[PDB]
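**Student:** Here are the chains, one letter per residue:
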Amino acid sequence: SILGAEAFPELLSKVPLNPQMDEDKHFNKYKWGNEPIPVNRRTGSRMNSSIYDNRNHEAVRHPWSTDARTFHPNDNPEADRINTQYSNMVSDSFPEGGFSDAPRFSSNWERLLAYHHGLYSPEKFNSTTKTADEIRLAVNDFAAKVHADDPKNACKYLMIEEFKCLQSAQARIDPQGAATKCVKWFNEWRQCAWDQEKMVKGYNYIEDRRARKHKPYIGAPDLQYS
Amino acid sequence: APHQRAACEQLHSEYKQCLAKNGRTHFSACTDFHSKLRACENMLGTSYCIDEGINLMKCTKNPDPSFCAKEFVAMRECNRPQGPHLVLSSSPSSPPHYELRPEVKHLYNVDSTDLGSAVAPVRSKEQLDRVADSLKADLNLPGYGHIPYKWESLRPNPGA
Amino acid sequence: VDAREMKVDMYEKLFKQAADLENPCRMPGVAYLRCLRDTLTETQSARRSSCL
Amino acid sequence: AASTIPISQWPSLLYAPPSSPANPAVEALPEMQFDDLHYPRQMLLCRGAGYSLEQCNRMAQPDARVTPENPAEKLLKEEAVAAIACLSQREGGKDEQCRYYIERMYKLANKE
Amino acid sequence: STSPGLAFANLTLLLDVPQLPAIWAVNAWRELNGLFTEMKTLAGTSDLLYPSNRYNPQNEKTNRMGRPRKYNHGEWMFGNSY
Amino acid sequence: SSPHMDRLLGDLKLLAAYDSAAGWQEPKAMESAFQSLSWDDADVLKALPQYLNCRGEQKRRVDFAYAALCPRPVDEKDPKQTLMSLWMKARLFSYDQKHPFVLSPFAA
Amino acid sequence: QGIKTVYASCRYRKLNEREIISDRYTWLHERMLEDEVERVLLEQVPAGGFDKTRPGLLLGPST
Ligand SMILES: CCCCCCCCCCCCCCCCCC(=O)OC[C@H](COP(=O)([O-])OCC(O)COP(=O)([O-])OC[C@@H](COC(=O)CCCCCCCCCCCCCCCCC)OC(=O)CCCCCCCCCCCCCCCCC)OC(=O)CCCCCCCCCCCCCCCCC
Ligand SMILES: CCCCCCCCCCCCO[C@@H]1O[C@H](CO)[C@@H](O[C@H]2O[C@H](CO)[C@@H](O)[C@H](O)[C@H]2O)[C@H](O)[C@H]1O
Ligand SMILES: CCCCCCCCCCCCO[C@@H]1O[C@H](CO)[C@@H](O[C@H]2O[C@H](CO)[C@@H](O)[C@H](O)[C@H]2O)[C@H](O)[C@H]1O
Numbered sequence: 001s002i003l004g005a006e007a008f009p010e011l012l013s014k015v016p017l018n019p020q021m022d023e024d025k026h027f028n029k030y031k032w033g034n035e036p037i038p039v040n041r042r043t044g045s046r047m048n049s050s051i052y053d054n055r056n057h058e059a060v061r062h063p064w065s066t067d068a069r070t071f072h073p074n075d076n077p078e079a080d081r082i083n084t085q086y087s088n089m090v091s092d093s094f095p096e097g098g099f100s101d102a103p104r105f106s107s108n109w110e111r112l113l114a115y116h117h118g119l120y121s122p123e124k125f126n127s128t129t130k131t132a133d134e135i136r137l138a139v140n141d142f143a144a145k146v147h148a149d150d151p152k153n154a155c156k157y158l159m160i161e162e163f164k165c166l167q168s169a170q171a172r173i174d175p176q177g178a179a180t181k182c183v184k185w186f187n188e189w190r191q192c193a194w195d196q197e198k199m200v201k202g203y204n205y206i207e208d209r210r211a212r213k214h215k216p217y218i219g220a221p222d223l224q225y226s
Numbered sequence: 001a002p003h004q005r006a007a008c009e010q011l012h013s014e015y016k017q018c019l020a021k022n023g024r025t026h027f028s029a030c031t032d033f034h035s036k037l038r039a040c041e042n043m044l045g046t047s048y049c050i051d052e053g054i055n056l057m058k059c060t061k062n063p064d065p066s067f068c069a070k071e072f073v074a075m076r077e078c079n080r081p082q083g084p085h086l087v088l089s090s091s092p093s094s095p096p097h098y099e100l101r102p103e104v105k106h107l108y109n110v111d112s113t114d115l116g117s118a119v120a121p122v123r124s125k126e127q128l129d130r131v132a133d134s135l136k137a138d139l140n141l142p143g144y145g146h147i148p149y150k151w152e153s154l155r156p157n158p159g160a
Numbered sequence: 001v002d003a004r005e006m007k008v009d010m011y012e013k014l015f016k017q018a019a020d021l022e023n024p025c026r027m028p029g030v031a032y033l034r035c036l037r038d039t040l041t042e043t044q045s046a047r048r049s050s051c052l
Numbered sequence: 001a002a003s004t005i006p007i008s009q010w011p012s013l014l015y016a017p018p019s020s021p022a023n024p025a026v027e028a029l030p031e032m033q034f035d036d037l038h039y040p041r042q043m044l045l046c047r048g049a050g051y052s053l054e055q056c057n058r059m060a061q062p063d064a065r066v067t068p069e070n071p072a073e074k075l076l077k078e079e080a081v082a083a084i085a086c087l088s089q090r091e092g093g094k095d096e097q098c099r100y101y102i103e104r105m106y107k108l109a110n111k112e
Numbered sequence: 001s002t003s004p005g006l007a008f009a010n011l012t013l014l015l016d017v018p019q020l021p022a023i024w025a026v027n028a029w030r031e032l033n034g035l036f037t038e039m040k041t042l043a044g045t046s047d048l049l050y051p052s053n054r055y056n057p058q059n060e061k062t063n064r065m066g067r068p069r070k071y072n073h074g075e076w077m078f079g080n081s082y
Numbered sequence: 001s002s003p004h005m006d007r008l009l010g011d012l013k014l015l016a017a018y019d020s021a022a023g024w025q026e027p028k029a030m031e032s033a034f035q036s037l038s039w040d041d042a043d044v045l046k047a048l049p050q051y052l053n054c055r056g057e058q059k060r061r062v063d064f065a066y067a068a069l070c071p072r073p074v075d076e077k078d079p080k081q082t083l084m085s086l087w088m089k090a091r092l093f094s095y096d097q098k099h100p101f102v103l104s105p106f107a108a
Numbered sequence: 001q002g003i004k005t006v007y008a009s010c011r012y013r014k015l016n017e018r019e020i021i022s023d024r025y026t027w028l029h030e031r032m033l034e035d036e037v038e039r040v041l042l043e044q045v046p047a048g049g050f051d052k053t054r055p056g057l058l059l060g061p062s063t
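Protein chains in written order, with the numbering used here: chain A, 1 to 226; chain B, 1 to 160; chain C, 1 to 52; chain D, 1 to 112; chain E, 1 to 82; chain F, 1 to 108; chain G, 1 to 63.
No false leads were slipped in.
Away from chain B, derived, C-beta distances all over 12 Å, residues of chain G:
no.: 1; residue: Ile3
no.: 2; residue: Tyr7
no.: 3; residue: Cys10
no.: 4; residue: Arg54
no.: 5; residue: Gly56
25 Å max Cα-Cα, derived DMTMM-like pairs, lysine to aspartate or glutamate:
no.: 6; chain 1: D; residue 1: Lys94; chain 2: F; residue 2: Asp41
no.: 7; chain 1: A; residue 1: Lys145; chain 2: A; residue 2: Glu188
no.: 8; chain 1: A; residue 1: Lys181; chain 2: A; residue 2: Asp195
no.: 9; chain 1: A; residue 1: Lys14; chain 2: F; residue 2: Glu31
no.: 10; chain 1: A; residue 1: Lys184; chain 2: A; residue 2: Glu134
no.: 11; chain 1: A; residue 1: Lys14; chain 2: D; residue 2: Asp95
Don't read these hints as lab results, they were simulated from the structure. Beta carbons are placed, not taken as given, at the ideal position from N, Cα and C, and that holds for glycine.
All chains, please: the whole structure from these sequences, using the hints.
**Tutor:** Next up, the structure:
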C-alpha cells in the first residue's frame, strides 16, 4: 500500500507550481526561466531603517537570543519584473514566511513579562504575510462596518483608506513602518472631521476686504475661489 | 403642595412662551410675571434666573467692552438644576476671582477652588521679566543666551 | 424636540466613544439611536413599535 | 516593460491589478467577503436572547454574505456541462479536443 | 511704428486693452453689489451678513455654511439662537 | 486507498499552479494544469448537475466552503476558470451529500 | 477709497460686536438644552441616591 498515489498530479504530469519548482525538477515549462529569490529575501530578521538612527541597518534587539542576519529589501531590481502581482511585489519589502526572530519561551512567565513590557506579541512574531485576498476581505468587511456606522459621513473613505494602507503594508508584522505610511490618511481624516464639524455647526469668520494687489497684473484673470 | 408646584411650573412655561414671543429686544413687556415668580421662589425654594436673564438682555443691547461675558456665565450657572458650580467671588479685593463650589470639586481637575482672576493681567515689564526668569529656571538649559558669532561692530547689538 | 435631539446626540457620542468598530454591539446601538433620531417627533408608545 | 510597483502603490494594485491571462472581476473585487465573525456573533446574539449552546448550534446557519456566485454558472449552464463532458471523455481537452465548446462559450460571453 | 523687438508689447496691448472695459465693468458690479448688501444690512436681517464674503446663505432655517440649523425646531426665551 | 483526499489536495495544488502560471505569463504551464485537473471522476460528474440545481442550506454550505478555499471572484468571461470553479464546487457537493459539513467552531 | 474705508471700519466694528454676542447666545442655548436634559435625568435617580459603595451590576462570584 503506497502513500499518496492520486495526490501528486504535479509530479505525474510535469506541472510546476512555481518557477522554482520548475527549475528544481527540470520540467522546463516556464518559457522565461526563473530568477531565484535569494535567501536574504526569503528569510531574515527585523532591522532598523532610519538614517537618523545610530543602529541603522542593524537587527532589532529582543530579550531572547535572535539570529542577527537581516532581511534585505530589493534595492536594485531588474527592469522586467514579469509578475507584478502583490504576491511577487511583497517579497521586495517583507518575507512571505515572516521574519526569523520568533521566540520559543522556556516558561509562561517570560512570555507574560515580555508582553507586559511591550516586547512580544504573537500577532507580530508568529505569523506570515497577508495574501491579497485576505487583505481585500478585511478591507471590505471594514468598509461595510463603517458604512453601516454612518453613511452620511465625509471621512468614511479616508478611514477606509488608512485601514487599507495598513493592511497592505503589513502593520501586523511591521507596525512602525506601516504607520509611517498611513499617518497621512490619518491626518486627512482629522482635517475632514474638523471640516464636517464646522459645516454642521455653522462656523465662519469675517473676511477682510480685498487687497490692493490681489492681482499681480491688471491683465491677469482673478479666478474666484469660494 | 403638588397643586401649587404644577401651577407654578405652568406659570413659568407661560412666562417663557411670552418672553419668546416678544423677543429679547422688547423684554420689558413681561414684567407682569415677576410678582408671581418671586413668590414661587420664596415658597418652593426654587430659582428661575429672572434677574440674570433680565440683566443679560439689558446688557446685550448696550454691551460692555467685555461683551457681557460675566452675565452669560452667570445665567449659564444659574440655570443649572442643582445650583451653580462656578461663581464670581464677592470680595473687597480690587480684582475679582472665579471660585468653584466644594461639593462639585470632584468633577473638575483642580487642586483648589480658586480658578484665578476674572480679568486678564496688566502689561508690565516686571511681570514679563518674572515669568521669563521662572521659565528659564524651570528649563535649566545650559546654552541659553550663548552667541557663537556676532556681526563685528562698535555697536553692542548690530541690528536689534 | 431640541432637548430630545440633544439627548440622542449625547447618547450617540457616549456610546461611540465607549464601543469601537471591532465591538459587536456598536452596529445595533447605532441603529437604535438612529431610529430614535428618526422618531424624535413622536411619543414613546408610537416609537416602541418601530424601534423594538 | 513590467516595471516594479513601489510599496506606496499597493493599495491601488489590490483593486486594479495588472492584466493577466486569468484575470479576476475587478468590478467585483470590492464585493469579495468572508466574515470570520459570523458564527461567534451568531452565538453571542443567541445566548443573549437566552438560548442554550445546543439550541444555538442547531439554529446556526452558514453565512450568506460571501462572495457572489458567478452568473455564468446559471446562464451558460448547458454549454458548461457539454464542455465538462468533452473534457471527461477527451482527457482534459488535450490537443484541442474541446475547442468547439470552449470557443462557443467564449463568444457568448465576450461578443467581440 | 513697430518692430520684431516690440512683439511682447504688441501682444500684451492687443490682448489687454480690450479687457479694460470688462475690468471696469467688473469693478462697477462689485461696487453695486456692495451697495445693495449694505442697504439690506441697514434695512435689517435676522442673522448677520458678512460683507466681504462671497456668499451668505444664513437665514432662520440655514446655518452660515448652507446646512440646516441644529436645535431650531422649538422656540427659545431669549429669542433667536444666534 | 484515500481517493477523495488525494484528489482534493491535487485539485488545490493545480488551482495554485494555474494562478501562479497566470501571474508569470505561462500558457503552457496553465494549460498543463487545466488538463491535469482530474476531469474523469464519475462521482463529481454525476454531482455536477445536482449542484447546478440545488438550493438552500446545502448550496449555502457548499458556497461557504468554496469561498473559504477560493474567495477571489473569477472573471465572468473566462470559461476555463468558470469550469474549474464548477468542478471544485461539484466535488465539494459530493463530499457534502455523502457526509455533510460542520463549519461552526462550536459543535458536539 | 478713504470714504469707503471709514464706512467699512464702522460696519466691521458693529459686525464684530454682533458676531461675538451671537456666538455666545448660541453657546448659552446649547448649555440650557443640556441643563434641561440633566433636570429630566435627575428624576430617574432612585430615592436616596446611588449606592456609590458597591457596583451597580455584580457580574461574577467572589469566593
Ligand atoms: C586712497 C583713497 C582714500 C583711502 C581712504 C578711504 C577710507 C577712509 C575711511 C578711513 C577710516 C577707517 C576707520 C579706521 C578706524 C577703525 C575702524 C575700521 O577701520 O573698521 C572699518 C572696516 C572694518 O570694520 P569691521 O571689521 O566690520 O568692525 C567695525 C565696523 O567697521 C564698524 O562698526 P559698524 O558696523 O557698527 O559701523 C557701521 C557704519 C558706521 O558708519 C556709518 O554709519 C556712516 C559712515 C559714513 C560717514 C559719511 C561721512 C559723513 C559726512 C558728514 C558731512 C556731510 C556734509 C559734508 C560732505 C558733503 C559731501 C560732498 O558703517 C560703517 O562702518 C562705515 C565704514 C566704512 C569703512 C571704510 C570704507 C572704505 C574702504 C576702503 C576704500 C579703499 C578705496 C581704494 C583705496 C586705494 C588705495 C590704493 O575696515 C575698513 O574700513 C578698512 C579701511 C581701510 C582704508 C584703506 C585706505 C587705502 C589704503 C591702501 C593700503 C594698500 C593695501 C590695501 C589693499 C589693496 C591695495 C591695492
Ligand atoms: C503727523 C501727521 C500724521 C499724518 C497722519 C495721516 C494718516 C493717514 C492714514 C491713511 C492710512 C490708509 O491705510 C490704507 O488705506 C487703504 C484705503 O484707504 C486701506 O484699504 C486698502 O487695503 C485694504 C486691503 O488691503 C482694503 O481696504 C482695500 O483693498 C484697499 O482700499 C488699506 O488697508 C490701508 O492700509
Ligand atoms: C456706478 C458704480 C460705481 C462705479 C465706479 C466703480 C469703481 C470701483 C473700483 C475701485 C477699486 C475697487 O477695488 C476693490 O473692489 C471692491 C470695491 O469696488 C472692494 O471689494 C471688497 O469690498 C466690497 C464692498 O463694495 C465687497 O463687495 C467685496 O466682497 C470686497 O472684496 C475692494 O475693497 C476694493 O479694493
